[PDB]
Amino acid sequence: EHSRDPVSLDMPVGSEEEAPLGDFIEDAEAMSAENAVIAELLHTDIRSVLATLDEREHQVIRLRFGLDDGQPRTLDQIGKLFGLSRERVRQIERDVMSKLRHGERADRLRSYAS
Amino acid sequence: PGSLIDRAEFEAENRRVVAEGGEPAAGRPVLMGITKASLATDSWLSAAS
Amino acid sequence: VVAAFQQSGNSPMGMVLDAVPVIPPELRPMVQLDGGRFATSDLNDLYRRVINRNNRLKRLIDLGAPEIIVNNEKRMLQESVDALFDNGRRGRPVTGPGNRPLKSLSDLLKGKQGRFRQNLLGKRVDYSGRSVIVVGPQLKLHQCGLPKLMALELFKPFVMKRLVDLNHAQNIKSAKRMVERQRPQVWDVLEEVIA
Amino acid sequence: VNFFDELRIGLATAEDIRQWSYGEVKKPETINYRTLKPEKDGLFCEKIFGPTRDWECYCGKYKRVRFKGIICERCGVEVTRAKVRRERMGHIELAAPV
Amino acid sequence: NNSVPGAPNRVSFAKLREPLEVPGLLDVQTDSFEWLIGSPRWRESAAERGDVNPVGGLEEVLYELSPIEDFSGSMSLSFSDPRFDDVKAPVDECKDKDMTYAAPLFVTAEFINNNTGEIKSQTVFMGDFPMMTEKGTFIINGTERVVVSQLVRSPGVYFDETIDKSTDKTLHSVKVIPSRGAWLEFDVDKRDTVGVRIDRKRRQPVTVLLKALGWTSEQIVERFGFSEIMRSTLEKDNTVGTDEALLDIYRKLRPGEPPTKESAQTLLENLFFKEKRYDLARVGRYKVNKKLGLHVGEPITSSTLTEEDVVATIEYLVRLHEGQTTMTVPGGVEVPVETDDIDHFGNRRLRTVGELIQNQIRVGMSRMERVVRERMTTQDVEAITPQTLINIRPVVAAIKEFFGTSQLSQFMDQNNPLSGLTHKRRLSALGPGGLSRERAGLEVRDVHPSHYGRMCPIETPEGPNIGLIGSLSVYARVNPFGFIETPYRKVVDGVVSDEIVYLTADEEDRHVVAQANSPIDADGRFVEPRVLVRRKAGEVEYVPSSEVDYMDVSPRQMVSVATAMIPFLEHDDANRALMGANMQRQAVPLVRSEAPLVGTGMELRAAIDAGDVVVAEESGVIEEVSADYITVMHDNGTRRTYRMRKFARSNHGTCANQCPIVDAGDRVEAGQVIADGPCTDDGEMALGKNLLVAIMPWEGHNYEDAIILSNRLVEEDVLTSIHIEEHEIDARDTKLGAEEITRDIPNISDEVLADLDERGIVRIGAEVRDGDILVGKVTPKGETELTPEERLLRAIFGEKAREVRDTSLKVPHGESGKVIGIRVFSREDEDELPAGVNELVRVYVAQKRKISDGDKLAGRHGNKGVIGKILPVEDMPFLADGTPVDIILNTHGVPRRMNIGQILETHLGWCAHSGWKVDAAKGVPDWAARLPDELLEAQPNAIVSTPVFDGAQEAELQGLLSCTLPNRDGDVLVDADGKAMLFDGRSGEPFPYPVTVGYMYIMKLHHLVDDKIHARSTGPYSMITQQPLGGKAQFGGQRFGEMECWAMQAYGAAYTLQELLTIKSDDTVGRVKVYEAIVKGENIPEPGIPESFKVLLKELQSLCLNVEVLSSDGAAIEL
Ligand SMILES: [Zn+2]
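As they're listed, the protein sequences go chains A, B, C, D and E. To get the deposited numbering, take the position in the first sequence, counting from 1, and add 209. To get the deposited numbering, take the position in the second sequence, counting from 1, and add 1176. To get the deposited numbering, take the position in the third sequence, counting from 1, and add 297. To get the deposited numbering, take the position in the fourth sequence, counting from 1, and add 3. To get the deposited numbering, take the position in the fifth sequence, counting from 1, and add 28.
Source of the hints: derived by calculation from the structure; they are not laboratory data. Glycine is no exception: its CB is placed at the ideal position from the N, C-alpha and C atoms.
Distance windows between CB atoms, simulated:
hint, chain 1, residue 1, chain 2, residue 2, range
1, C, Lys445, E, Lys763, 39 to 49 angstroms
2, E, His841, A, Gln280, 36 to 46 angstroms
3, A, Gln280, E, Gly432, 49 to 59 angstroms
4, E, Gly432, C, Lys445, 40 to 50 angstroms
5, A, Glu210, E, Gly810, 10 to 20 angstroms
6, C, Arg345, E, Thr762, 23 to 33 angstroms
7, E, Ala829, D, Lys66, 12 to 22 angstroms
8, A, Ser294, E, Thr762, 42 to 52 angstroms
9, A, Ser212, E, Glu860, 18 to 28 angstroms
10, C, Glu488, E, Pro862, 42 to 52 angstroms
11, E, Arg673, D, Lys66, 52 to 62 angstroms
12, C, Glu488, E, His841, 21 to 31 angstroms
13, E, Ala1004, C, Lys445, 46 to 56 angstroms
14, E, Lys116, D, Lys66, 49 to 59 angstroms
Please work from the sequences and hints to get the whole structure.
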């Protein structure tokens, strides 16, 4: 397979010279709709839903999970930033999970999980 | 001499040169085909196509 | 010719080249087709030839050799650049497979496949379609009939938006999925959105 | 924006070819067979033209999205959208005039 | 006179008896390959024909090559006696398993060493050969392939003539066109420089070359003395001396090389007399001998040009210039002298499949021979054996390349038996070795008076390939040399003789040909002293009934097979007949085929020879018959079983079925049809159904070629068609992992995956809709950090990253129906798959299509149409007895298009359907004098036939229409004129005037509306150009060309044109912005610069052209 002559994208295909092969090659980037519309829409829905989280919880997500500054700060790192321990934050995280999975929040976020 | 020039520019240049004393240039009207007319009056960008 | 050059204010030195440019790679893409077989435009081959000749010239100059071989390789580089800018404009065109001529750089502009004539042939547009036409005498002069299967797929953004706004869908993704599935809730909105 | 009064053409000179180009092509290698990615100073190098993936670095030092206009000192590549790869130019240096 | 035992009985309006039955309609395709391979049947056929030397194709090609030897003369090899082996697997297995129908061939190679005098001979394997099935087709990689014959100009001598514009003096130009070698042009010019153009060189005088050949000057003087211009040219040449002439020739051909007598002589011999470098096909040498009348008394063995030929050509040129009517040469008989015609079929030969395959194998064998000689010149001479010498790779490679990519190896279209039969019978005039569309002039696309009986002048493609693609006439046959022959019965002394002879173009030209329609007494005496006759070239004039020399066989001799089954073809126009013939090849096989009420006698023979109907090989008695298979007990005690393929996808999407039409305990005679394939009712072609037609405009729904159909057709499945799609996916190994098909798919609901089985494929018989998953597969993944929220959602729900992506094959857009069959090939089971693949599965989806708006219908007379509306059965006009009409056709399109034959077909169809009983108590009426005695009485729904150019005259129809039987109610609907008083379906009141009614045969074309509908709001885009694009699965955008831009500019519309070319075509960011804006409430933004202009600038700069846009100030601008 490594020993093979490549096909020049400029050879005619169909033999009528109505187009050369390089014409019929798709891209592999964000489509006009695939990512653009869904990415922007879920970003706006993020500004709507992830904003509903408490201010302290909003910062928790922004740092440990990485909304604002990225770099998901491990429980130890975010604890260093806030002074909290690795065990206490887990209970608040699970409470946030329980809060989000019920109601309009989960209804909004289902579409972006599939 | 012997170069085709549009009437407007030729007349304007002739008036400009004559007003300062330069002698007039003798020319006669001439028609030409659509192909040559298009080539004479067009952009190089449009001419290449 | 000489008067055209004199009026310019530039120099005729531009005819002799000392640095040939290269088009950006996206204009000459190397893409992996299905079956893991590589594909690439001939521009890459021509650029490879020119680069190899230039590097060999540099190596010969660095080491040093009798002027016969150096002159031969200089002729080689000149002919390679000539082939790059145009194949067949002079001499025997280069052909790797099946004695087929490599589409030179200037060939992208001239000929039937050139960019100028292709642009003169127009472009392919979105939000369009075609179908057979059947006479309908029930229509007014300012009317036409569009099959729903075509209107739905052609008005997709408008109809999906309006469907979202009527609360039939919670967001854009659900609306797109429903339009693709063509649920019965889409036809009313589609009739509403092409008034 | 879209004010183009005139469009002119001229004969490029050694200096003009270099000014358009962002980098010089030194070697003919097109792609690395094992990593399927462009080679240093080849016909596809990111150092010359641009990054293959948007907001990505060749070595990954500055792979995060929040690096705009920062050239990675480790590999000297720019961090911008992949579409720049269709815009930026290069130039070869002829050892003898042609 | 039904040749086949069990033909349906359909009386015909035949007033003449054909002395010769139609030959095997596929004989042209089969005989060529039979000659190629070489079989006893071909050998005995050739011996019967009287050929002195029966030589096959393979043996000829590899005999002319032998004996290959080295220059030193110490080595030499030969191989001959080519014989084949048995086939690998049956045709069904090869087609089902994707194999190639072939059979290996062996050649005995005798290796001889001259110095020692030793012999080493043994059989040599030479790859596989793509044998041809009985239907005259090649099964390549499981796909049916048919190679169409080609028309090329036979090698020989052509004496062209051109007239000077100024001198106004005839200029006679001669051209020799060998199969392979130099080209000679002995052309006389105003300056009188009669010269030779060898390989397009300067016009050196012919005398110089002639003396260079050793021709003494006094011989030139004596032989050419009768010529004055040539004598003066002989006196004008300056260079003299054999050595000087040879050196001049060498310099003109190869200047700057050592000029020597030996080198010049060797070059001349190599260029002209050497067989390898310069060769003339046997046909070429035969034609040259006939033209010049030299060496006619002996069989042709030497196939190379000789000095006698050149001198004879020059003599012919000078004599023709003199104006001589004929010339004679020592050893040659008197022959005429005239300019040749290129388009004549006496000069255009036909190279069938045998010729093409022979040429390809010859090329492969020569390529092999080069390497063989190179290897043998270097390898050791002691322990050399032919086995290690012969290389088989190049020959098989050439054969495969020809069968795969050659333009003369096309997919055999399989809409219906007629389409396949016509494709096998095609006569291509383009492709490799022939003319190209652009280069070829328009003078070759016209008809020639020599096409009568050889090439059908009606049938032809309507597109740009008009005149370059025809079809063999019904009776045309291909002579061994390749010239198309036609039958004729010779008249000896004014009495027609039963025995027939086949005449080619030249023989036809030199004789006199009668006309079949010319009346002849039962004793063979021409009643008319003067009979219409056809002469040399497009000349027809009355001649005494004694000078006539030859007579045709049937009036249908000049029509193809497709055109021979258009009733009342003699009444339609040529263009309309062409359109009807072409459309007869696009019919879609329905579910229940019905034989036509009115149709020529070609239906049955075309159906039988099309190969789509199984015909018993030997007479026997059927033991048990079942839908799947039938078993017949032969009279000799041996039982045979015919397996009938059912619901098998054709080559173009249609379905092929074979329903038996025999009952248990029936004795079937040999050659009787057993089951009917697609488009066949009781062993006769049936492309469509019979519909009751009323010709009238109806409220504008049938306006301008539109058609109105009764809903009875839709609800009765009259025009219901079955189509079988085909999808396939493969699991190819990747450097990153191996793809595997599994039922489990990442992140999909169970409801969607409710139809897939454990293996991961859809269960048979499960309805599949648009966008549904058809087979689930998972592809390996590398490393790609999840987006923040996507990774979070993965964490919350316990759904792991599941790196493997989804690439499951899904039903493309606009497909539906059951899943009739699934075929899976796995590398584990030792199956042949392409390199790098392990699991290949293909799923067949079958859809049943009912006629609806947009589907195309058309009769046999070239009158297309589209279903404008499908009215309820209660709205259609109905006859006086309550029989609603099934279709309405506009009357404004019949007379304008001048295809009046359709009305006559309608009248005859009504007469046949209702049945007629000609009054005979007082005696046969005058108009019925010529009607066959069996045609005076018919039963309702009878079958009638009107052979082309010989059928029911108008008087016959006028008489029949007034004698139709009454209905069961005791009333006659149609009047004598053929019109009937209809009742309106909506208003309920009778129409003021009577309307034409009758049964017309209506087909269903393959230009269905389902495939044509196309839409695209936003899909994938190209890569280099970034314009809209995408396979027809996701549909591609339309083409807004230049004329569509001038139309927009003329309107004064400027914003629409700015949009259609920038915001929805090329803008990379404008497209996304506008899609967001439409999917949002905001306005549409302003378009930017098209990428097709940025690309243009970035490319124009790369040519070292400094292109920079500037403002009024002259400042360079950034883009
Ligand atoms: Zn880096």
